[PDB]
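This document opens with one chain alone, in structure tokens, the form deposited in one PDB entry.
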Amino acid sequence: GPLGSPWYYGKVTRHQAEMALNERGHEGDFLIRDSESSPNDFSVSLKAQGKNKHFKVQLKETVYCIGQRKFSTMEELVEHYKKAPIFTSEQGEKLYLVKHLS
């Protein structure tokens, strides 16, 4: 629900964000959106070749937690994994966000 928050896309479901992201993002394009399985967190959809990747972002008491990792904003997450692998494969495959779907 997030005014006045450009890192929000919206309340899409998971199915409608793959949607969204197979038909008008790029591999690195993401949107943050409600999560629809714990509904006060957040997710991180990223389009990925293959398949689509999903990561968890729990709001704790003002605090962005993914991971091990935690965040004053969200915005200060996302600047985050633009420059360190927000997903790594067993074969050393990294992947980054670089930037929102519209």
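Numbering follows the first chain given and starts at 1. First, how it differs from the form deposited in another entry.
Of the two rigid parts that shift between the two forms, one contains residue 43 and the other residue 76.
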Second form
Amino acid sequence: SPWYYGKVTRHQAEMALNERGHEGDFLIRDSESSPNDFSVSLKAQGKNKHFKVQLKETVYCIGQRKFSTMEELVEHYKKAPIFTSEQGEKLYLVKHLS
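After the form deposited in one PDB entry, can we look at the form deposited in another entry?
Only a single chain is listed, so you will not see partners or other molecules.
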């Protein structure tokens, strides 16, 4: 993800912008105040500004369950059944078709 600078703090973002930033230069970093979100830190008018960007990450929903990644979904259904028949027959995922 080329658009992401680094997990630098608000203060560290300012230090970088003060050292080598110019009008309109920006960086995108993890938010300190809200660790799962981001901040866009911008040099403008001789000052540094910070804008919060809230992330609602991906949700994979199947039946009544929700997973943040497809890998998690897959593993879950190797240990718990993805379908139980009415005869109680539990069907599980075993491995990917090559």
